[PDB]
Structure formats: structure tokens, C-alpha cells
Amino acid sequence: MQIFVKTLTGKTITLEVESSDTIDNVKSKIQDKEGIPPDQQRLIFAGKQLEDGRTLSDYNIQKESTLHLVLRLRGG
Amino acid sequence: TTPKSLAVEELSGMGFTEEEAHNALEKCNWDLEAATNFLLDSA
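First to last, the protein sequences are chains A and B. Under full-length UniProt numbering, think of the first position of the first sequence as 1, with each following residue one higher. Under full-length UniProt numbering, think of the first position of the second sequence as 1339, with each following residue one higher.
Among these hints, one or two may not hold up.
Which chain A residues face chain B? A few, computed with CB under 10 Å, are given here [what the hints assert, rightly or not]:
id: 1; residue: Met-1
id: 2; residue: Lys-6
id: 3; residue: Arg-42
id: 4; residue: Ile-44
id: 5; residue: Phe-45
id: 6; residue: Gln-49
id: 7; residue: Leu-73
Don't read these hints as lab results, they were simulated from the structure. Backbone N, C-alpha and C define an ideal beta-carbon position, used for all residues, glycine too.
This is chain A alone, in the form it adopts within the complex:
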């Protein structure tokens, strides 16, 4: 199964994962893919942010799902 990540810059990313993949893994893939800071980028689906550690089945993440990637940003 593959996922379509959407950056807030207008870039589409197609990643290849399994039914046993995890969020944390997706982030690393994107980092080695383009270079988006892992400590900033965050996975989102249906509005709900995918908590790092859990799998894709815990969020009913279907196939070819439209995932989003938003940075943590700084405002302290």
C-alpha cells in the first residue's frame, strides 16, 4: 500500500509502506526523500494527527490515502 503526502508548499510525495508500517517510519522516509526536518514535519489524516509510534491500522488509514505534512513551527 502507498500513501500520498501533501506538503504545504505544493509538493506531492508517494511513499511505499506495508500494513505493518508505523508513523515514525514514514517521517524518516520523507527526510531521506526530500529533506523536510523530521523534528518539525507532522503526519495528518482526516484532520487527526497521526501520533508517532502507532501503526497505520490504528487510524483506519486506507490505501492511496491523502496524507498531510505540516511542520511544528516555532513560536516560543
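Model the placement of chain B on the given structure of chain A, informed by the hints.
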């Protein structure tokens, strides 16, 4: 298109209406990333 509406449009296609995205953006200072971050943490 207009930036103000452009942000609300992109945000409307994530999981929330244009209304929620509108308030989020404005307050966050019409910032897109901050808006999404609002719907993420801010509640």
C-alpha cells in the same frame, strides 16, 4: 487566487470547514501552517 481565501480553501480540504479554518488563520495571523497547527493542537 486571493491568499486569504486560498488558505481557507486548502484547509477546507483536510478535515474541517472553511469557518473553522477562517478563525484559525486570522488568530494565528492569517498564517496557513499556523492555522493547521491550530486545528491540530488548539481546541
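Here is how each hint holds up against the structure:
no., hint, in the structure
1, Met-1, "violated, 20 Å"
2, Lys-6, "holds, 9 Å"
3, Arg-42, "holds, 7 Å"
4, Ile-44, "holds, 7 Å"
5, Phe-45, "holds, 8 Å"
6, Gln-49, "holds, 5 Å"
7, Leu-73, "holds, 6 Å"
Against the hints set out earlier in the document, a violation occurs for number 1 only.
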